[PDB]
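Once you've looked at the hints, dock chains N and F with the ligands against the given chain P.
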Amino acid sequence: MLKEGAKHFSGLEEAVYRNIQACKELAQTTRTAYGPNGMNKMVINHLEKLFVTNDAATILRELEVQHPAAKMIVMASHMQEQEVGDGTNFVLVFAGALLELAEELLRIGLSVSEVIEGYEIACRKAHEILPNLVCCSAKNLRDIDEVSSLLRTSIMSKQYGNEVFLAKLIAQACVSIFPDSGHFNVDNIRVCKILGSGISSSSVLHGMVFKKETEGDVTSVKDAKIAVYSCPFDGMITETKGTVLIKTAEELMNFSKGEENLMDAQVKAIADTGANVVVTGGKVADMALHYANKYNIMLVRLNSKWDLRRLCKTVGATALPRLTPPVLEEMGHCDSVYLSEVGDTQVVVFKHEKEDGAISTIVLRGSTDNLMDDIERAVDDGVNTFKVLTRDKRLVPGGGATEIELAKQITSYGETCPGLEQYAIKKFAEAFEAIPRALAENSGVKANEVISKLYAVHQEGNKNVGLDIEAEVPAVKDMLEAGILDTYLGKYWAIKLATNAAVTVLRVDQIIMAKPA
Amino acid sequence: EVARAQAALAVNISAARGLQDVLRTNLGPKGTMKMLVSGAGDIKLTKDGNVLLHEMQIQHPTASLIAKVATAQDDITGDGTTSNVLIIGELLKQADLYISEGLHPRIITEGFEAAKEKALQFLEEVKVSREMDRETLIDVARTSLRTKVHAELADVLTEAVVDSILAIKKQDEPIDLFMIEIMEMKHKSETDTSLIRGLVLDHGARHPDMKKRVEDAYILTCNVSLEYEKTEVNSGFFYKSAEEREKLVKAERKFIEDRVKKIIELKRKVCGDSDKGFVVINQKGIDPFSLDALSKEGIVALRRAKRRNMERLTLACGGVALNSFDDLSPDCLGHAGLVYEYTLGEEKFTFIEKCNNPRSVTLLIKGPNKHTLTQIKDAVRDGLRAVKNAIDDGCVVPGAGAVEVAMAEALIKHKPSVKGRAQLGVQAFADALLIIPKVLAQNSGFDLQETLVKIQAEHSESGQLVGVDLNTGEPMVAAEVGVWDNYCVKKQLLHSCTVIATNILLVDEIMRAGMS
Amino acid sequence: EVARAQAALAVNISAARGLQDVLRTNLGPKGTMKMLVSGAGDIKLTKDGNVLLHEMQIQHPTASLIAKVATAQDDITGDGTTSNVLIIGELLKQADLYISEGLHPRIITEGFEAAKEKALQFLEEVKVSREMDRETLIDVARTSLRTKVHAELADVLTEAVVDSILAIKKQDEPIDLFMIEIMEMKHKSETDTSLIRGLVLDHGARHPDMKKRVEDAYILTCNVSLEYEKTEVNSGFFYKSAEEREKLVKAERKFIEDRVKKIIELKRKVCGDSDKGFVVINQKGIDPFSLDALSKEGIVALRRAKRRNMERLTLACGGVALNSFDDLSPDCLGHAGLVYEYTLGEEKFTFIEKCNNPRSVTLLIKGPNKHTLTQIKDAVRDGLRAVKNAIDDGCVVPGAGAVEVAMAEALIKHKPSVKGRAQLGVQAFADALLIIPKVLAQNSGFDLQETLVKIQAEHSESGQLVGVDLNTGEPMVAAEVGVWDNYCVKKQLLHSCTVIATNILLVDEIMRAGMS
Ligand SMILES: Nc1ncnc2c1ncn2[C@@H]1O[C@H](COP(=O)(O)OP(=O)(O)O)[C@@H](O)[C@H]1O
Ligand SMILES: Nc1ncnc2c1ncn2[C@@H]1O[C@H](COP(=O)(O)OP(=O)(O)O)[C@@H](O)[C@H]1O
Ligand SMILES: Nc1ncnc2c1ncn2[C@@H]1O[C@H](COP(=O)(O)OP(=O)(O)O)[C@@H](O)[C@H]1O
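Chains as they are written, first to last, in the entry's author numbering: chain P, 14 to 530; chain N, 12 to 527; chain F, 12 to 527.
This is chain P alone, in the form it adopts within the complex:
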């Protein structure tokens, strides 16, 4: 009319309408998960493989939204993912509940400044009262079952069938390097995929693990310097066709002898300069393997971009895809390279640990390539959850037993200070009842009776609804002795990011115009 060119529908009326419906529709396609349930969703983009996923991270990473209100939350989601390990759907659910509860306050007839002030006061009160429900704590990280219980509790959120063997393997792989005290890195653990048997035959191994065959000889010396290259066995001599049937044998024999002499001089110069082995990334030839066998030089076969990228980012060399024989400028720190036979396959093992910065690589094996993705996701999630950078994790009884207590505390605190700030406090307290409802609705029973039962027992804060059929209607269980706890800092960061996103959404709300060319 005066600013927009019949593109958007913004103005002095979409404040309590279009700016909330988009977020509601975005969060509606996410409440189906959140909990140990089988709600797989197929993802079809560009790979054209038809794979089903369960986590919301891969679902949100493939969906393309064209709305600023929906794009204002993916930034906070990525920030929370970069900060701590888990935590993604909680922020979205909290923001959706806050928006749905503020829609009524905006429709009644209240300004946004009072609502923002009340939300900030409620968030400050929740942050102040949060360090008060600490029950269990981490004792010694040098044991096995102490971290195995936490790993099992973290894995049970994803996979429900098998969760003990994977947790034990992750614990054994993490305890063989360095604990949380001192310094512990994350990009020092690699996951390899082996197409063979099922998942009931996995093992662990310290050092580098790569599925690369060897058609030469076993070189177990320390002077075998590595030499990575792009495509050294490509084609230094391009041969063409003269006639149709065949040409003269003299020219072909001369060209073959010249190429053989050239490659012999090349391998002699590359072996006499201080490099016994060579990393190739091309094809093979009969004379090539013959020279590699008669010169005692290890020759690989399998080539991959990820392998050379990891070798470059770990050692620090540089591939030289040149025709003329260059000089030795790829000196690294590796020296102990051994060969092993695993699953009738030849694997390499690198030994260069000096009790500092050790690496590990767990051996994984499955049926198809569409099943190891969830295993790798669970493994990396458990690895990220194990890192907390503190000796005492100060675990709290998660699963919804603390949300009701926090809501009751906020409700009891709000019924004291007079003024027009009680409605926002009551809304922030009632918004905390969105975690048990989503967990009860995704099981098979209702959620009103579960909430009534949870509010009718006692204010102990250690009661939550179970997962079996004998724990849906009563929902009276003690999760303190079972071993179901959550991260203390994770919930705090999630609440902080949700409050920040809600404040940013409620602030920027007026007229959405365009920009001139």
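It is worth saying that the hints were derived from the structure and are not from the lab.
Keep in mind that the hints are not guaranteed to be accurate.
Derived DEER-like restraints, expressed as beta-carbon distance ranges [unchecked claim]:
| hint | chain 1 | residue 1 | chain 2 | residue 2 | range |
| --- | --- | --- | --- | --- | --- |
| 1 | F | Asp-519 | P | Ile-57 | 25 to 33 Å |
| 2 | N | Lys-272 | P | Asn-267 | 49 to 57 Å |
| 3 | N | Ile-54 | F | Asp-458 | 24 to 32 Å |
| 4 | P | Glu-368 | N | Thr-385 | 42 to 50 Å |
| 5 | N | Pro-299 | P | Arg-323 | 22 to 30 Å |
| 6 | N | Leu-355 | F | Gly-113 | 29 to 37 Å |
One side of the interface only, derived from the structure: several residues of chain N facing chain F at Cβ under 10 Å [what the hints assert, rightly or not]:
| hint | residue |
| --- | --- |
| 7 | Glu-112 |
| 8 | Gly-431 |
| 9 | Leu-459 |
| 10 | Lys-465 |
The C-beta atom is built at its ideal place from N, Cα and C for all residues, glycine as well.
Only chains N and F with the ligands this time, still in chain P's reference frame:
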């Protein structure tokens, strides 16, 4: 082709009312923010008046021309583009109502000019002086930050601004806003500010861990080819023979060796110990084999330097930029007192301070890696502009909506002359000045007429400058809290409003012609 | 069925503005007349307010209801239906503007009531008395005739009206407008008026040319059957035998002969000369053979008399109406002083005057045989009503637009209280009272704001009641020319306007229901 009616004035009044109603919710500290996105999905957050008016798509030519005229008058004072369209729209509505009632635009223009002259005389007679110190500038910067940024980090910003102003201003001539560089970084926190009293160098050295406690240092700026590239070159044209290019490469290597030997002997002559350091700035690369031999004796050399860095270095210290490494007079070597190396991110920064004539202050700010850093920079720039405007003069009048009420009372009651034709315009000009307190009370969250009549009764009973409170809606005095303003800003705003309202009512007919 | 908006007030304001714009060019003596024709082509000229509002076809129900309410309050004073819709429309427009700005109708109603009370107090304190004589009534009648009829024949009617008022009023009790009969005739000229001090009889005698100089005459009113018809009758039922009806006719003739002999002997007994005359009034016919014998002795008998004629004769003189012609007491015979016979047209009229207690004045008017005679009659009736209204009281305030200016000045300047909410309504009530002088200046042919500010300056410099001149547009004093007004008329107009403006803004929603 042929048109003889009054639809032009009607559509002009309609466009003015539309432009006034579009932008009217951005007044006062409790204003609502806006957003702009169109180019490849770039989310931009702003709240200023000129920044919004400069980056918008208006479908009306009259509104576009009005916005252009309003933006073309912002380069005089600091920030006066806001709180101007409302008074113009009110005056245009009053003029349209008086025309529909039955009058001539000439009498309206004469009355508007008389009212403008009376308001100028009242503002000149009501002004008052005040001794400029530290609390006044602190309050001015705090108000300028509150009118732009939220009331959370409006403390370390104004403190740093006042510190930089006190460190820069020390003479009698008017200061210049060209010696203060505002840089930006990328961190994880939000509130992170720093006031560096020296220069900032982005690049450093490729071989760190050698020394950093260099007190007295000599800096020399040059532009010779020390180590550009190891690739063979000639004269920008490829050849066929390799002997010539290899001889040229050997000659270049011999020249580089001669140059490094010359600078080594120069460092050994002008120093000879470890206290007096020698820092070299060069835009070309540095070979590590030569860098090690240089650092073995106690001279550091930096590579990859920008033009602005060496410009600021030669402007603050005072050195001659030559293209030779010969043994010349040490008069062009600048002195540095303290050098520090800050390691953060993927590149180490260099901070040089304790130099001669400290006339270079850096206001470093860090953000959470988003687009709010540009908003913080614009806010601190507006604050610096307001501080500079509040330091050139010596008279500061109170604000908070306490100048328009007295102006209207003086224009309505104490009439300069007795004339109905002049009063018909004086009343219209006085009734349009009350658009600021009403809009402020509406945006604060209270009534519009109750607070107005309360302020009127308070001013009629007491007689002082009564302001508007944005907390309880009660009439209070703005001369004891801390709300202040400027002097020439109000005069420029009144002049612009009168100029805009004058050259609008004289529009006769609008024909459809033209080709260019 | 379901409606929750504010369109009802909008359409009400629109209908009020339309009704105000439709009727607004009929104010002042220099107005434009109107014509109405629809039924069988009947041309009717009018210019009054109530006569127009009572005979119109309004398509809007709200306007029709407003007109009905305005006409229902016209039977109180003389003529106050005009100059009322303009102030109501102005007040409604001000209320709609204040509602669109943001206010409540309760505060507006309270302010309107306060302004009405202040105006009533000012009118009660500004009133002044004046001795009632002949010049004041003459000027009042002249102003009424000028406001009703043109400035031509407005000089021959005011004198007759004043003479009739002076002849009728002679006691202390309030006079009554029921003893003055306004008759009409048909002539060729236009300006022809007469003031008869006696009664008027339309019919006369069938045999004229006998006598007309009858001084002291005796009039006797009866209703016996003297000569109804020569046709044979019985008892309202036809029969078959002719002997019975012929005997009845013979008996009726004998009774008529006996009655005429009895009245002849009565006239001979009560008189016996030619000076003492006798006049008989009868509604039945008179035979010429008996009329000749009656006139031979000196007694006139009239035939075909109306009921109102004999009613006025028995009410002014005082006679008993009997149904017999016997010899009774002469106490019921009325006395007549002078009898005259006017011969004009196709029927001779009788004028009786010089009787006892002259309390019957006739205002005979003539026209050029058209429809303007009814307009002249309505104008003289309005003049008589204004004269009667100006004779009941003893205080007359000046007019010509000299009371609304002082009222507005007292309501704006000398405020009764200090309150913004009350002032918001006081200003709206005071700004709606200046529509009468503006409309008068617009209809006179001059400007609207120039004369307004001139009158304002003249009232502010001097301090007397300044009127509006309809000749040169210059401010003059209406207290020395001859322009006057009433007292209770202004109070009734203010009360009606307040009642109308009060019960309008309280309209919530208008639903579509009802069956009856
Ligand atoms: N076996 C379990 N018993 C009880 N609660 C569980 C179990 N597994 C997961 N949860 C609950 O489900 C919630 C969501 O877990 P998870 O999916 O790991 O995080 P996110 O939803 O942020 O991705 C957690 O707050 C946790 O309390
Ligand atoms: N601290 C304050 N308290 C009350 N009102 C203020 C304060 N600071 C500014 N204002 C009001 O804000 C108005 C101008 O705000 P704005 O249009 O944003 O320009 P600026 O940013 O230059 O103040 C002024 O009319 C003034 O009355
Ligand atoms: N002689 C006069 N000179 C000037 N104005 C007059 C005169 N007589 C009447 N008016 C004006 O006419 C108005 C009323 O006229 P009108 O509505 O026709 O009613 P009326 O016929 O009773 O006067 C009054 O407001 C008065 O100012």
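To see whether the hints hold, each was checked on the structure:
The supplied range of 25 to 33 Å is broken by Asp-519 of chain F and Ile-57 of chain P, whose beta-carbon atoms lie about 59 Å from each other. One distance hint, 49 to 57 Å for the beta-carbon pair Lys-272 of chain N and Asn-267 of chain P, holds here, with the actual separation near 53 Å. Checked against the given bound of 24 to 32 Å, the beta carbons of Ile-54 of chain N and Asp-458 of chain F, roughly 59 Å apart, lie outside it. Between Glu-368 of chain P and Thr-385 of chain N the beta carbon distance is about 48 Å. The supplied range of 42 to 50 Å therefore holds.
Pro-299 of chain N and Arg-323 of chain P have their C-beta atoms about 27 Å apart, which keeps the hinted 22 to 30 Å range intact. Between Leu-355 of chain N and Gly-113 of chain F, the C-beta spacing of about 56 Å breaks the proposed range 29 to 37 Å. Interface hint status for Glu-112 of chain N: upheld, as the beta-carbon distance to the closest one in chain F is roughly 8 Å, under 10 Å. Nearest Cβ of chain F to the Cβ of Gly-431 of chain N: about 3 Å, under the 10 Å cut. The hint holds.
Evaluation of the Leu-459 of chain N hint against chain F yields a held restraint, the C-beta minimum of about 6 Å falling below 10 Å. Restraint check, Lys-465 of chain N versus chain F: the minimum CB separation of about 8 Å is within 10 Å; hint holds.
When held up to the earlier numbered hints, the structure conflicts with 1, 3, 6 and fits the remainder.
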